[PDB]
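2 protein chains.
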Amino acid sequence: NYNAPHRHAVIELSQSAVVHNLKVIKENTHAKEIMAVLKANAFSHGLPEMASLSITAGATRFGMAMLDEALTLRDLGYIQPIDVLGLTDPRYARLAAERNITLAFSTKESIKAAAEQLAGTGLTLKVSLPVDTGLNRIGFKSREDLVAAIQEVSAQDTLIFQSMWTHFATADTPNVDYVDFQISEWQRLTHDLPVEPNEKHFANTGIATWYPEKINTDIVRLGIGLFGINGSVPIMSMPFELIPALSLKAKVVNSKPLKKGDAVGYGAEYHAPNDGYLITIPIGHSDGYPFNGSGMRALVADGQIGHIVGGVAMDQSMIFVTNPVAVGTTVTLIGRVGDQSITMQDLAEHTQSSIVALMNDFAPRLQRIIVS
Amino acid sequence: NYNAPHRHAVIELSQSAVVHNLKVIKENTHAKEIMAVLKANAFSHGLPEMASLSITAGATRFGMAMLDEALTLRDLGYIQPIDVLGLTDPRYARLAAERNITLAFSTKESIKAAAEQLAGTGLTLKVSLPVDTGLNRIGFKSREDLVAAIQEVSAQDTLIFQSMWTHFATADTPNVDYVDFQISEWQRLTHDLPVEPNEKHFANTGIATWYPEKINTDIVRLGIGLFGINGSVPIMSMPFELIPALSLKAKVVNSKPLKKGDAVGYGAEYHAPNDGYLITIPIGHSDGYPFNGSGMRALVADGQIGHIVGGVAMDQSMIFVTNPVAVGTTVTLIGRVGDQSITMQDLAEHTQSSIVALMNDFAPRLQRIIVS
Ligand SMILES: *Cc1c(COP(=O)(O)O)cnc(C)c1O
Ligand SMILES: *Cc1c(COP(=O)(O)O)cnc(C)c1O
Ligand SMILES: *Cc1c(COP(=O)(O)O)cnc(C)c1O
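Quick note, the sequences are listed as chains L and B, same order. Numbering-wise, the working numbering comes out as the position in the first sequence, counting from 1, plus 19. Numbering-wise, the working numbering comes out as the position in the second sequence, counting from 1, plus 19.
Among the clues, some could well be false.
Copies of the same chain look alike in the list, so a pair counts if it works inside one copy or between any two.
[To be verified] Using 30 angstroms as the maximum straight-line C-alpha spacing, the simulated DSSO-like pairs for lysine-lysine come out as follows:
| # | residue 1 | residue 2 |
| --- | --- | --- |
| 1 | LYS233 | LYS45 |
| 2 | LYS279 | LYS233 |
| 3 | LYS160 | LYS42 |
| 4 | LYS42 | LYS127 |
| 5 | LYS219 | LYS278 |
| 6 | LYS42 | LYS278 |
| 7 | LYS45 | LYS278 |
| 8 | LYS145 | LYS270 |
| 9 | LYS270 | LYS233 |
| 10 | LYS42 | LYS131 |
| 11 | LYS270 | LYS219 |
| 12 | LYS279 | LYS51 |
| 13 | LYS279 | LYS145 |
| 14 | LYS233 | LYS131 |
| 15 | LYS219 | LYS145 |
| 16 | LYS160 | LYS279 |
| 17 | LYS278 | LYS160 |
| 18 | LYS51 | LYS270 |
| 19 | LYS51 | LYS131 |
If you are wondering where the hints come from, they were derived from the structure by calculation, not from laboratory data.
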């Protein structure tokens, strides 16, 4: 009840793209398992669609940010392993236990708590223990703390020691040796434990792309690369091609000539610099399109190159074109028309805005469609 | 299946705020009716809650951007009039006609196509005719086109001539007199009609706040002001107080000391200036908190004023504080703690981001809760 199927504005998600992206990243790292990280409604691309595409692409498990996102997948019909990579109130451990959802914990006392929640229910909880190696967001910060926590899960019959893992801060980036640092930090914080977990995993998109040999990549936690976006800072060249999954289109709802000097948009600050035609489409910055995307190209279906002008409004954008355009004509905001294309990267460049932030702004109000 | 009820991160929506806001706006303008404009999941604030707060506050009708939003309102159990202020595919006119939803049209052939959709169904559709007086988004551009359209709905017994309206581009603003321009333009395009609509309306928050006397304000199409946000450019003083409706809180999930020179966040670019404590909360930019919100104050429940450091990640944020803080402690990102307050405006100032854009960024992943 968020999407608007009767509004001719859509996000297109290419199946063939996602398939290629996982293949090429998996190839680069000779991974055995690909974990599709579809947190935040699949990086705002649309979870039901991306989850499906991910499995089609060959992912075999999921990573989500929180329990409720994990619940949603189960409710979607998926039976594959699901890791919650954020932290969870132990009071709600029972839900994860009942739906085979693996939960991360960063504290011995929270582990204890989650186990006591399950005491006597006949339920069992898979547990993961993130180790903080330098990101400093979550995880154990000392071998001693880690070893104690492992001790606790071994003494709790309702818990399974599913995994240990850590996350990189600069695998995205020319900063090797913060990568190497986190890796020696792992060795420090993690060397011979009193017992092993079922699995360990380390790699995000960055690791898999630019540092495949630094560390074990049998299990890859693949988020952004899936969506065909190069998020590196600065933009680093890759050992392969990503093809972006999402394109953004809508059909003209209002069409009119406007005369030189006519003001457009809130503030009345854009004035047409000559006679032409103004084209109104039904997506705005409430759909996720950059609040300051005005001045962006926009590829009309007839092969014209228009430009967003006036404000980008909440629900509507206005486009200036030289030649008449009929209502119903689709306009591509992101994607390809002929030999012209507009990318998320063009968008980032134009708005002086992070591509990671832009790829993540799309609201559920836009109707999603899977293609090729 | 979007909201995260088990995650301790919420949007709180102040009943007393919305009530005061509408009251104060209604009073300044002496409106007879107030139309809550709740497009875009109610400016990203949360539709089911804002609709309910809107009615409690004294709104007696709704305005939305599109048919599907109107549909959702109906499916929330609301029976009050609903005006769709965007344009709609005539093929879907029946859905509106079945649910007592008023629909805008900017064209004679669309009015005719919609009437023909209804012929023989026994249904009746309420139609509004937006007149473009200088915003140049949608609406009729000539008296000739307007009258030909008024005649068409008159000739069609499946249609009711519900309203004519127009929207201002600069009521937000000190550019009076583009205001006056639009008003003379109204006169120009609109003088002696062959038949009058049931109603006409003109005013948005801007008109109602800064230009109440310029034109009839019996019906006010109240958007931004309802949420207690002053969106004027440049920030203009008002003849009343707005009190912002939304605050943003979340409970600490991970808490640790960190030592001088420790790096935090993606890029490892923040270094702790001294020995301190790092507080991790479960909200990130995927929830709508500004992507470059790092450096913001964050008001911990114990009275401490912390700061967001490292990245604002997708789902999490890290906060540096001088003194240790227990897991489960709430942090206020937007709102008030003791004699300290952080507002949406503080956020716009700090991020150099439009406050209209920021107020519209919140994802449905955040749990909504109504307070006072
Ligand atoms: C978001 C996330 C991922 C995915 O990382 P990408 O850089 O998008 O490939 C993997 N592991 C954890 C713990 C995460 O939070
Ligand atoms: C958004 C909108 C409103 C509300 O405008 P505010 O400035 O937020 O009060 C009123 N009328 C129309 C046609 C709109 O699109
Ligand atoms: C000590 C100190 C630091 C340390 O940060 P580094 O980047 O590790 O040098 C930073 N800022 C201030 C004000 C300090 O006193």
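Using 30 angstroms as the alpha carbon limit, work out where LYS233 and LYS45 are close: within a copy, between copies, both or neither. For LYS233 and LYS45, the Cα distance is within 30 angstroms only inside one copy (15 angstroms; across copies 64 angstroms).
Within a copy, between copies, both or neither: which one fits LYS219 and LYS145 at a CA-CA cutoff of 30 angstroms? Result: close within a single copy only, 13 angstroms intra versus 62 angstroms inter.
Go through the copies and call it for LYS160 and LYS279: within, between, both or neither, with a Cα cutoff of 30 angstroms. For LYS160 and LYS279, the Cα distance is within 30 angstroms only across copies (15 angstroms; inside one copy 64 angstroms).
30 angstroms Cα threshold - placement of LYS219 relative to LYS270: Only across copies: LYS270 and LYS219 sit 28 angstroms apart there, 48 angstroms inside one copy, limit 30 angstroms.
At most 30 angstroms between CA atoms: does that hold for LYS145 and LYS270 within a copy, between copies, both, or neither? Between. Shortest inter-copy distance 24 angstroms satisfies the 30 angstroms Cα cut-off; intra-copy 48 angstroms does not.
Within a copy, between copies, both or neither: which one fits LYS42 and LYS131 at a CA-CA cutoff of 30 angstroms? neither (40 angstroms within a copy, 52 angstroms between copies)
Is the C-alpha distance from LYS51 to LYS131 at most 30 angstroms within one copy, between copies, in both cases, or in neither? Intra 33 angstroms, inter 60 angstroms, cutoff 30 angstroms: neither.
Intra/inter-copy verdict for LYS278 and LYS160 if alpha-carbon distance must be at most 30 angstroms: For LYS278 and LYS160, the Cα distance is within 30 angstroms only across copies (12 angstroms; inside one copy 65 angstroms).
As a check of your reading, is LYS42 near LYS127 (CA-CA no more than 30 angstroms) within one copy, between copies, both or neither? Classified as neither; 38 angstroms inside a copy, 52 angstroms across copies.
Within a copy, between copies, both or neither: where do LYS160 and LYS42 come within 30 angstroms Cα-Cα? neither (35 angstroms within a copy, 53 angstroms between copies)
If the cutoff is 30 angstroms on CA atoms, where do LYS42 and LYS278 land: within, between, both or neither? Let me know, please. neither (51 angstroms within a copy, 41 angstroms between copies)
Indicate which option fits the pair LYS279, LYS145 if close means a Cα-Cα distance not exceeding 30 angstroms: within, between, both or neither. neither (66 angstroms within a copy, 35 angstroms between copies)
Comparing the model with each numbered hint stated earlier shows that hints 3, 4, 6, 7, 9, 10, 12, 13, 14, 18 and 19 do not hold.
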